[PDB]
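These are the residues of each chain, in order.
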Amino acid sequence: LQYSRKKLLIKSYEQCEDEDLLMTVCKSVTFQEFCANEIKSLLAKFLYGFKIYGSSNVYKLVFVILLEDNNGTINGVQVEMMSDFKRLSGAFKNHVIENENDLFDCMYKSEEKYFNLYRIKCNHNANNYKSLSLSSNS
Amino acid sequence: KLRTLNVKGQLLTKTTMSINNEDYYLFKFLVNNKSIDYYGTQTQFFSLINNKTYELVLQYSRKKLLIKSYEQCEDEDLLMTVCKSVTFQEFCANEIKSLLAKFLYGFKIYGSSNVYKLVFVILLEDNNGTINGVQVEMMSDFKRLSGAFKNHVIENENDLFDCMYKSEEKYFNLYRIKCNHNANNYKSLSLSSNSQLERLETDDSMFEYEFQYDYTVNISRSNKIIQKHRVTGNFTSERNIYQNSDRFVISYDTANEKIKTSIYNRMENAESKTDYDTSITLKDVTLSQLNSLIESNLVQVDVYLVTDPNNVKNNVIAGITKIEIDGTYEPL
Numbered sequence: 105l106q107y108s109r110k111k112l113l114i115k116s117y118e119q120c121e122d123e124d125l126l127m128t129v130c131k132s133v134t135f136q137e138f139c140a141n142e143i144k145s146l147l148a149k150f151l152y153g154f155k156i157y158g159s160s161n162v163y164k165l166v167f168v169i170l171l172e173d174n175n176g177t178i179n180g181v182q183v184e185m186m187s188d189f190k191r192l193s194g195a196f197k198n199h200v201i202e203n204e205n206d207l208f209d210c211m212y213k214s215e216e217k218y219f220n221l222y223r224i225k226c227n228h229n230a231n232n233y234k235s236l237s238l239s240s241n242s
Numbered sequence: 048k049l050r051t052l053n054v055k056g057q058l059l060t061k062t063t064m065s066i067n068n069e070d071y072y073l074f075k076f077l078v079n080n081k082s083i084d085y086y087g088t089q090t091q092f093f094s095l096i097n098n099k100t101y102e103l104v105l106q107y108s109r110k111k112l113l114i115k116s117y118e119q120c121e122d123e124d125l126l127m128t129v130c131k132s133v134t135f136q137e138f139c140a141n142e143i144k145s146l147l148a149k150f151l152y153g154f155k156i157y158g159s160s161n162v163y164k165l166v167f168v169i170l171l172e173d174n175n176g177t178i179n180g181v182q183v184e185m186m187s188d189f190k191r192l193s194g195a196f197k198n199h200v201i202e203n204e205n206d207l208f209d210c211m212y213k214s215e216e217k218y219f220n221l222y223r224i225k226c227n228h229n230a231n232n233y234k235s236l237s238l239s240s241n242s243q244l245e246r247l248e249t250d251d252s253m254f255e256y257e258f259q260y261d262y263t264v265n266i267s268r269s270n271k272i273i274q275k276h277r278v279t280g281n282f283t284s285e286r287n288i289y290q291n292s293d294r295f296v297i298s299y300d301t302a303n304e305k306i307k308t309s310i311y312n313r314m315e316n317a318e319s320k321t322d323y324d325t326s327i328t329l330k331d332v333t334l335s336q337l338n339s340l341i342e343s344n345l346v347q348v349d350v351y352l353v354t355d356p357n358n359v360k361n362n363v364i365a366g367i368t369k370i371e372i373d374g375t376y377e378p379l
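Same order as they appear, the protein sequences are chains B and A. The first sequence maps to residues 105 to 242 in the entry's author numbering. The second sequence maps to residues 48 to 379 in the entry's author numbering.
Because the hints were derived from the structure by calculation, they are not lab data. Do not rely on the hints blindly, as some may be mistaken.
[Stated by the list, open to error] Simulated restraints, written as ranges between beta carbons of each label pair:
| # | chain 1 | residue 1 | chain 2 | residue 2 | range |
| --- | --- | --- | --- | --- | --- |
| 1 | A | 135 | B | 121 | 56 to 64 angstroms |
| 2 | A | 123 | B | 134 | 53 to 61 angstroms |
| 3 | B | 231 | A | 81 | 28 to 36 angstroms |
| 4 | A | 216 | B | 231 | 19 to 27 angstroms |
| 5 | B | 159 | A | 97 | 19 to 27 angstroms |
| 6 | B | 117 | A | 328 | 17 to 25 angstroms |
| 7 | A | 55 | B | 214 | 47 to 55 angstroms |
| 8 | A | 216 | B | 217 | 28 to 36 angstroms |
| 9 | B | 159 | A | 220 | 26 to 34 angstroms |
| 10 | A | 110 | B | 233 | 34 to 42 angstroms |
| 11 | B | 197 | A | 355 | 41 to 49 angstroms |
| 12 | B | 206 | A | 220 | 23 to 31 angstroms |
| 13 | A | 232 | B | 214 | 21 to 29 angstroms |
| 14 | B | 159 | A | 81 | 49 to 57 angstroms |
[As the list claims (entries may be wrong)] Straight-line distance between alpha carbons at most 27 angstroms, and here's what the computed DSSO-like set of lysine-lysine pairs gives:
| # | chain 1 | residue 1 | chain 2 | residue 2 |
| --- | --- | --- | --- | --- |
| 15 | A | 320 | B | 234 |
| 16 | A | 225 | B | 190 |
| 17 | B | 164 | A | 99 |
| 18 | A | 131 | B | 234 |
| 19 | A | 234 | B | 155 |
| 20 | B | 190 | A | 190 |
| 21 | A | 307 | B | 234 |
| 22 | B | 225 | A | 234 |
| 23 | B | 155 | A | 330 |
| 24 | B | 144 | A | 360 |
| 25 | B | 225 | B | 155 |
| 26 | B | 164 | A | 164 |
| 27 | A | 369 | A | 197 |
| 28 | B | 115 | B | 131 |
| 29 | B | 131 | B | 225 |
| 30 | A | 320 | A | 307 |
| 31 | B | 234 | B | 155 |
| 32 | A | 111 | A | 75 |
| 33 | A | 217 | B | 234 |
| 34 | A | 330 | B | 234 |
| 35 | A | 320 | B | 115 |
| 36 | B | 225 | A | 164 |
| 37 | B | 164 | A | 115 |
| 38 | A | 360 | B | 225 |
| 39 | A | 164 | B | 234 |
| 40 | A | 320 | B | 131 |
Yeah, the Cβ is synthetic: ideal placement off N, Cα and C, and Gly gets one too.
Sequences and hints are given; from them, build the entire structure.
Written as structure tokens, this is what we have:
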């Protein structure tokens, strides 16, 4: 791009082809990446996780991530994540979770540590409510 | 004559206590899904067993409700057996259940490509014995909905929409519907993959029921209800992406008044591709064409509005369905 005649003109264009952002951790994400419901990977901070009262097979993970509003400011926000016992056991890379008891013992040893999340989908609902969710290969 | 009552129900707990060396024996029975306690002696304490329907005959003597006698029924099942009213208790147990509802209206949710939403009115008997008609919501997909409707062949989305707009404001027997309660405490209805939605088609028994099914609150949202409007006049659309979200500002005329609202833009699972920027501007084109079509009566627009009753300002759109002259249906 060259600055000429009070404009930004495309001085030359070159063909690039399919840049990959999966398995590439982004320090931040944008509101639009929650809108497109795009599967990315970001770095996050796990706060604390537990099992939902009244449920048997549903656990909740709470994270702190960084969103970018279009104003350009980067804010730390609390995001919530839900997944069953199965998808959670295989989600934790380099950790063996064979029963419910180990999941809780892993979460309590995972508290306040920084995580690289991989292939996590950002969702958006009828009632908005922006949250994360585990795919089958995250 | 000492008068008596007859009740039937599951037994939950058995408890005993000795007050002043006078043994007392009590049985917590589930009668019509209520915790009602009845008196007994030491003979009944051992004869009866928990989680077992007992046909019960009560006696009133010495200012107490006695178990005069016991027989035993056998675990009656009440599915495919419709009910007028459910309780808060049954929503907590997440009881798959068959009850009667009044169908209001249905639409396809914005941004989604295969997810639809139904709005019903059901009778919900609270913990105090009062029965009130409330608005309840329901999510299901095209596949479950294609086979859900009893006695109606639905093979394509356009049929699905044609079956709701016919069934709008009719009464429906809902068979084997799971009443949900969630970590986020809003209560809803769900299609178990083997649930039937069977229409009643009037027959003048409706007169007793329309007075009851007066929805004043939507139990699937908090402080908000869903309302349905017909677009008659100036439909205007504008793209306002704010600091907080990407939105469409929309204002239309009904036969009543003009409404300001806004819809939150979202795209379902558009993958590895810029199918959000190129598709939202696409739907914006569909929106600024709409007024041209309503004037010449080419399409009719139905706006489904998640609204706060007290403050009519809190308006958001959950679905917009275009009714075309030639039977074709376009939702958004």
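Hints violated by the structure (numbers, ascending):
8, 10, 12, 14, 17, 18, 23, 24, 28, 30, 33, 37, 38
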